[PDB]
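*Asks:* Starting from the given sequences, assemble the full structure and let the hints guide the process.
Number of protein chains: 4
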Amino acid sequence: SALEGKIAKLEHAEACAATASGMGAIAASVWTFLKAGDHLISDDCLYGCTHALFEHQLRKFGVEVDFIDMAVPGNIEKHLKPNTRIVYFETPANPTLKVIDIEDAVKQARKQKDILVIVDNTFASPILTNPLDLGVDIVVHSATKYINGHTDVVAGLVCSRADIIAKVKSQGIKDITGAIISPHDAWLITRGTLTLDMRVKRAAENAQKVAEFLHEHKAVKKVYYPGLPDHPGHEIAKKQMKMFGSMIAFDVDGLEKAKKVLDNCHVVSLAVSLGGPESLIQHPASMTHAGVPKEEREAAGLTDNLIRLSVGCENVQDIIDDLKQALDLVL
Amino acid sequence: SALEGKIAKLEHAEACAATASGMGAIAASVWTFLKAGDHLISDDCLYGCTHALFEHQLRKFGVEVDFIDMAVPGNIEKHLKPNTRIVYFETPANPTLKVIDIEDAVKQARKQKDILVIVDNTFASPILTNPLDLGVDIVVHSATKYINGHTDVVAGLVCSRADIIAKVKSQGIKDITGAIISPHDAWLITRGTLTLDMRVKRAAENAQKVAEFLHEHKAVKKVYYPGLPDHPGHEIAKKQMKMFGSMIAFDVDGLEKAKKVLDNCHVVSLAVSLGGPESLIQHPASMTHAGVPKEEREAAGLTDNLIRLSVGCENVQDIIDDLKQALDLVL
Amino acid sequence: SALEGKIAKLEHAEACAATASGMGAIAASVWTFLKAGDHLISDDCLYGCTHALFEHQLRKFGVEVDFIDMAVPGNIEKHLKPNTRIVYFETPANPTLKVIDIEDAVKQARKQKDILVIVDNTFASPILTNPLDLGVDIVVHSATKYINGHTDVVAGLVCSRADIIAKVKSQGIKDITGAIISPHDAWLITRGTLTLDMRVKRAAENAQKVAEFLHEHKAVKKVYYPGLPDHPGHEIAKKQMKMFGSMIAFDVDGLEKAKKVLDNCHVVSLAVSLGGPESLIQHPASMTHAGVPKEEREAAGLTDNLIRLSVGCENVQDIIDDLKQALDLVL
Amino acid sequence: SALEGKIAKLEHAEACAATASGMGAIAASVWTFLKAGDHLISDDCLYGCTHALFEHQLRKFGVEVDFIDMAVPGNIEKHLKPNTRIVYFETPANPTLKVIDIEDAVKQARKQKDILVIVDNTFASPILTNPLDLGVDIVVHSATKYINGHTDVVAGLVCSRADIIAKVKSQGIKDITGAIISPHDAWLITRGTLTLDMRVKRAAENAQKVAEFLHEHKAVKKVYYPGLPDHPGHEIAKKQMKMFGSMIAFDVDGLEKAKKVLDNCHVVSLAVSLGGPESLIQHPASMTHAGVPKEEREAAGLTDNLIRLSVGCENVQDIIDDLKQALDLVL
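Chains as they are written, first to last, in the working numbering: chain A, 1 to 331; chain B, 1 to 331; chain C, 1 to 331; chain D, 1 to 331.
If you're looking for bench data, these hints aren't it; they were derived computationally from the structure. Heads up, a few of these hints could be off.
The list cannot tell twin chains apart, which means a pair is met if one copy fits it or any two copies do.
Capping the alpha-carbon separation at 25 Å, the derived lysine-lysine pairs in BS3-like fashion look like this [stated by the list, open to error]: (1) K221 <-> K260; (2) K35 <-> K60; (3) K167 <-> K60; (4) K209 <-> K222; (5) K167 <-> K294; (6) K324 <-> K222; (7) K111 <-> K218; (8) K6 <-> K324; (9) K174 <-> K260; (10) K60 <-> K145.
*Replies:* Now the structure itself:
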């Protein structure tokens, strides 16, 4: 709880519960506060495992679930029902970094009593956005993107009021999930907090420059980065993020170009799981969603054109040089 | 993984899934194979946290649960319903080392098709009992107690057929619980398997001797140990256990006498969590279950007379010397 | 190893050998390439432990050692003897940041064949200076200060030609010192390289600003920082350092004034070992060298006036605010 | 120094110094107490790296060295000179487990003043032999064989009088070698001490049974194990070892048989470095000494016939089964 105390302060929270993984954080929150017959509203742009938890597992246990575009004004209140218990989203979301106005989402949820607004703040981190300041009830993180300060280390965090966290710990962790953090990983996360502020800002400043470079490259059809003035919701990101994060996505002309780009990266490394101080790149259609049919990948919001990049803390010149060489080979 | 392969060989399983904790192992097994409208039969002698998962959590998500005494012949088959999906128990069981006939429990469950029999083999360990050999579908462990060589790790293990473990991993761990094992804990556990045979057998050897000493000591009332011919499950234990484990429980004359005894244990140390290669002792009604209403502890088979002793690998004479001095004071 | 390869690329070396400590790196280099009857020339501004190795240990095993001021032009070539095998120095040097011209030092050593020029590049780091580029034979580091992302590791690095590193490993490490790096420390150091550019450059950037603030503050007497035009080695530093490092030293009016200042540092913390991404400060004559006779400290360039400041990566204004408050009290 | 305090108690020593490796322990002891013109007497049966330290490195720095058979009565006093400073040996020694009477070696050294007797107690461990009880001045260990309680962890230990250790730390470690232990490895060694007594005795009991099995196998030409009544010095081992250790060596009929045995081990693993709770096997002529000419390997005491085995803590049935299958294939 030395770790928990530090993270709680970082997220402007009364309390924190550390868990075995980001999925552990999400699960220990949602299972704790739901029951059969309850209703959950989720955004439609979700981390794959979150979507499966909601779409398959919650529903299996009698929980009603709507997936909706939360960036559409009024869409949350439109979907409110007498049994609505949770409103869940990530911002910058899923593969295309869709921005959701946190204050506005909370305002819609507050039309009814006893709705827990839960926000996955993994991508922004406590350094850039603090959803609890904007009326959110619970914030969750995967520690893998920023908080861990190294990697090979998987852990999650839940931050909330003390009475919520008491239940998350005694029920969500100890009874329901068993997603208890390792003492060893907890030590390593705690070590990571020392340079967290600087690492997040470096990666975000690096990403802004990488996004600007990508924005002018002839092989890039589209860039998704909240810090670019032509990103939808750029203004929303500007009001609720101190900087624009280290996650970027971009489209190239087809499957082959995506693969050829990946095949020619050296400084930037290929990875199934993104985040951390190392710059990492993936083609989700073939690397995380290969067993999902083409139509289902697309009907979600994921095409064969899309590349996802988590920008690390390296000298940005080395990152741009790497991407530049690879993208030129695709022309 | 290397760990998963080694444990699978120890349990004669096709496959194994490592988890963040023993609760994570139980949870990733049960939530994966249940849905609202299903039925679960559990033994009525459970480790505290397991009981809470079944009694409160499963039930609020529309699972029907019966808690029954599975040492009563015919009791499992008697409780089978059209919607029964799982039969769950631990043996030897938790407060007073009740022994459940594994082979017979399986035979009862087979009075209906497609029931998963799940056994918590933590206290026996793969060294002493292999429930899969007797037709059990899934075996779970808290790696903390015996598989790990120390008391500094939280981890769990699930062993079963490849197709079951596939679902435990992709759904139970990845979606439902997020109870992923730390690679550092996993490495330590893997090293632990190299001394597992030694630690389990020496502790059990010591425990037979300690149990007999306690059985003959005037201050000790009833001793609960599967290796004693006076223990009701002794004949069952003999057919399914290579040795009788290192857990002992015993009654002394009242709570105050227990406190005096425990105040005089030196080599055997006080602990809220038992297990590990050193001798540990506790009085549950005052040390772990103090928050549970007295009558509820008693209805569940936990009295204020009960001391639980986890026998370690120390010189057995030193262990006996310590207890003899303590117990003599309460004469 | 992976670590050794990354550091070798950073220093433009053929090869690298990781060690248990910075002293281990120095020791495995010097003992390997010396024998009784050899001669070593060292700069007279050394980190305490290095001086002891040279002054007491080498000499008792029949190595002749001269300590000389290597910032005096011609001083190295002047001290060459038929048996000279090694020229050793650090720059910037340890108490007062004396700057030694690396290229010129090499040129002097080349007035005789087969001399190994060895430079401790700890405080500059591979980010700011690459001594090998200037003809140095061997570069050593304490990985503790900058390469590692925290203050929790002891490790060293040696970078040189493959054939030299072959001997450093097989003799210096394996036979002479046994100063082998921990694989856990090595892994952490490897992860540290991902933020090394960021941490070194931000600290140096901050340090230029801090140095200028101190230079203008009335309570501060002489400031020792390579980036100040008033520092004698400034022009040399400009040609061999991309930035001027994050170590500063400065005089205040007497020991008692230093103690009062240090009693009032809050954001900048007191420390006996400097380096790392947080601002640290010390008064060597009372904090680290208290056991050394006063006159001996002074003969070696350490006075009771001297404060050493290792500038970290915090907001520079916060660092300046802290020092200003402390220094104003001694006006 | 929590670790150091524990190890000191275990070796019956005033004090202990932890180091980066076994070679670090040896080096920090010998370099600290020698100077040019001093003389060291070593046994002729040494760990390869120790031999090189003495034969090449000490001599390079003006230290006179004799290698002698210390199992020959009177041989130490025979080689005493006015400048003799150190008498060094291991028991059970080198590849063939030669036993050296510790008390007798000390008695010969005590014929002259100020001789430090140093014994490498790695193979026996503090559980089986405590040389300091027999008048030895300094005991050294590699932590890799027993003390570490896991492996992948390299560390050394020096145990002695407080005034000797003070010099070993301030000079041997801090000035001369830099062989400083990692905080992380020190934690892991400390963890290992908990089960050290049981692990050593298990491995020794296992080895006795393995040696007895090997002693009757038709493919084994000779066995070297101190616990066999036909081992030279069996009686010496019996008086100075509580049990006979976990190291065994044996001869098979030629290079091909040695390799064929190695090629057919499964439970026992091939390794360059022996020791620890895993059973490990090697053919030193091809695995550690392949670059050493046949004649030099033999003139030492190492043939193509020799296999070295470190017996772990596994079920001894599994170990014997593994070796039995492999040895039968060589008939």
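*Asks:* Run every hint past the structure and note whether it holds.
*Replies:* Against the structure, the hints:
| no. | hint | result |
| --- | --- | --- |
| 1 | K221 <-> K260 | within (15 Å within a copy, 60 Å between copies) |
| 2 | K35 <-> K60 | both (11 Å within a copy, 5 Å between copies) |
| 3 | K167 <-> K60 | both (23 Å within a copy, 15 Å between copies) |
| 4 | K209 <-> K222 | within (16 Å within a copy, 40 Å between copies) |
| 5 | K167 <-> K294 | between (40 Å within a copy, 23 Å between copies) |
| 6 | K324 <-> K222 | within (16 Å within a copy, 47 Å between copies) |
| 7 | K111 <-> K218 | neither (46 Å within a copy, 55 Å between copies) |
| 8 | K6 <-> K324 | between (39 Å within a copy, 22 Å between copies) |
| 9 | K174 <-> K260 | neither (46 Å within a copy, 30 Å between copies) |
| 10 | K60 <-> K145 | neither (30 Å within a copy, 33 Å between copies) |
Comparing the model with each numbered hint stated earlier shows that hints 7, 9, 10 do not hold.
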